[PDB]
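Only one chain is given next, in structure tokens, and it is the form deposited in one PDB entry.
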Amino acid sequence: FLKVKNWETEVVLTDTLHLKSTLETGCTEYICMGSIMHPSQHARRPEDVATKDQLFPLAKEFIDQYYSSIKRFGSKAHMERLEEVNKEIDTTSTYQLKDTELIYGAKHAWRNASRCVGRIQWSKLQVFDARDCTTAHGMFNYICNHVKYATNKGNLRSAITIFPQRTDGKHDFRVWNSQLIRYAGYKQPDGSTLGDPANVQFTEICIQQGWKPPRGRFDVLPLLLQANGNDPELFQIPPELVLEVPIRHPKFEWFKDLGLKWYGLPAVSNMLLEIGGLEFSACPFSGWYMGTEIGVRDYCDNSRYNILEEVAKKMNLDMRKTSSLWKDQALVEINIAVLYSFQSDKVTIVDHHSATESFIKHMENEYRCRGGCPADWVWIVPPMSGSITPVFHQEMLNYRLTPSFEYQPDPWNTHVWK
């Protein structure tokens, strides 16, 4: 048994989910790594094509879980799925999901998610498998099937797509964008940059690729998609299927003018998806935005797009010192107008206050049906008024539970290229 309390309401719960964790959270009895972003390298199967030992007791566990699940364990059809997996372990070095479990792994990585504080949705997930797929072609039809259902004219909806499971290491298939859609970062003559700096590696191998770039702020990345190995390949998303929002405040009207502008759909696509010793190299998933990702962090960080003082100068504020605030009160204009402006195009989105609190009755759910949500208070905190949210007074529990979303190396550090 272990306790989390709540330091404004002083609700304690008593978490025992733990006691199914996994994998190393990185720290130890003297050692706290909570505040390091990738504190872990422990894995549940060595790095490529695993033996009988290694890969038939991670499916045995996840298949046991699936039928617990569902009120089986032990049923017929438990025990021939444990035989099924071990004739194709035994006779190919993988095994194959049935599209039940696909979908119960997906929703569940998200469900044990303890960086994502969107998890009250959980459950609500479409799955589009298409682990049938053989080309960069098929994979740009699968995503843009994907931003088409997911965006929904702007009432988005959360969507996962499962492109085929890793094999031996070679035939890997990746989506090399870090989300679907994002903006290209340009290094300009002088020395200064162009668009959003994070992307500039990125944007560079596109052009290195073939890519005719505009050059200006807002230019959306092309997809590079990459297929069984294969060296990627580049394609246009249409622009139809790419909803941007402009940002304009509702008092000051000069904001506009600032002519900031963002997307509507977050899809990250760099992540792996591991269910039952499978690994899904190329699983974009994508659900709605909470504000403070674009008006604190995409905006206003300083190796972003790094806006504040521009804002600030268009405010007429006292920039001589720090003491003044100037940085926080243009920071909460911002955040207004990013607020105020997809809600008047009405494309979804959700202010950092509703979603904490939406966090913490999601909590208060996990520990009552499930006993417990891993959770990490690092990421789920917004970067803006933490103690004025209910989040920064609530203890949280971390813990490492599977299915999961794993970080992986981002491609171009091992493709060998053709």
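Positions refer to the first chain, counted from 1. Note that the rigid core is defined as the largest set of C-alphas that superpose within 1.5 Å between two forms. What changes on going to the form deposited in another entry:
- When both forms sit on the same rigid core, the CA shifts between these two forms reach 2 angstroms or more only at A50 out of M384, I360, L58, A50.
- With the core superposed, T28 shows a C-alpha displacement below 2 Å between these two forms.
- If you fit the rigid core between these two forms, you'll see the Cα of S69 move by less than 2 angstroms.
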The other form holds:
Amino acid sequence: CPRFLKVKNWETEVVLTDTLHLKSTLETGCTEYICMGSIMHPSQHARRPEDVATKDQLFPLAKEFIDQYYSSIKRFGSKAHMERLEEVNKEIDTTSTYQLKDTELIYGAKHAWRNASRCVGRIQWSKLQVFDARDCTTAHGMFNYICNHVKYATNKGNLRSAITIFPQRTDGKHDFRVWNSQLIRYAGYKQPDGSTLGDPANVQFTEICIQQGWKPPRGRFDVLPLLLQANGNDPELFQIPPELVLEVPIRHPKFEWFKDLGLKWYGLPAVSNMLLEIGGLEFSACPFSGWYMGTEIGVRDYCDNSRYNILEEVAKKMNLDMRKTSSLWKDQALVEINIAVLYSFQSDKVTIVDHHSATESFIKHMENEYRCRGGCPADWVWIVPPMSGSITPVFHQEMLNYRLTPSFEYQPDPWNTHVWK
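Now that you have shown the form deposited in one PDB entry, what about the form deposited in another entry?
If you are looking for partners or other molecules, they are not here, because only the chain is given.
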């Protein structure tokens, strides 16, 4: 409970003072005697589907958000503010829920991004195209909204960050869900001999898709179909029009052989399995997209052992000594791979940001947030890039982590909870 918490940057000596943490809403997982800062999903970053808020629970949550909204537009205590409070309250009282105004929906989505501790790209938070899909009733409808989102966001390579928001949760038996973890991801296939074709991360969902009727090409980079659930009904399959899926073949500025590896990736990162919470309301289907930081593809997607795992093959074509770890052959290959990814995206004029630029922008964003907001919650474990950590400025930047609402939350995979019709 101290009113002021300070963070230091150990490279610049800049010290920042945080007061925003006083507005913190939920638990982190940590206590006085233990820190869970490297735990990926503590119980508080998640949202179980059947605990739907009671009337009594929802009132103060809505009011909290409404007050925050009118505060932001400098109309706090105003007649419109008081009238909105009364309306929401009356609405909660007679329907056990309430509907957000368009302005509020837009404000809440933007602030869930602004509040996202683990996102290094938040300097962009105020530029977010919000698509209101709350009139959607069927999975065909969801498919139509998602196609339009993908096309708008892709913009022929000049990517624009966007979110599409489907109807909020009601009784929890009528959820809208995108079963895909991202709108665009490649299939993975377990072979009888134990090997994996395509993306090992997506094996389970790929199998579900095939069970649901999807005919798989069974290649290395097969774009998965959308698996879409409207109003708690069984999910349904749709092929994304291929012309809407922008891809980049990976080549290297110096190594002519690099193109022979046959690698490519998609331009549009679009996470679709998270939950958006605004004023106690739960939007279980809210796909959002931006553009890539190169390391997300070049370090994690490609060089993770449980992913495409290409380090060995790259090192071999580089004719490195792969006998001792102390030769840093993995490190050497890792850099070249990330060079190729950045180079291939820029060459095709597809928006991408390197981890040096992104982290420097983030430090500037953080400083501005401390100034204009009283703080900026940040998760160092996620903010620091997966390669070259200490030669980026976020490595030396102390951060405070805490949960502000509106927020994006994890939710359980829908196939674990769905009551099949």
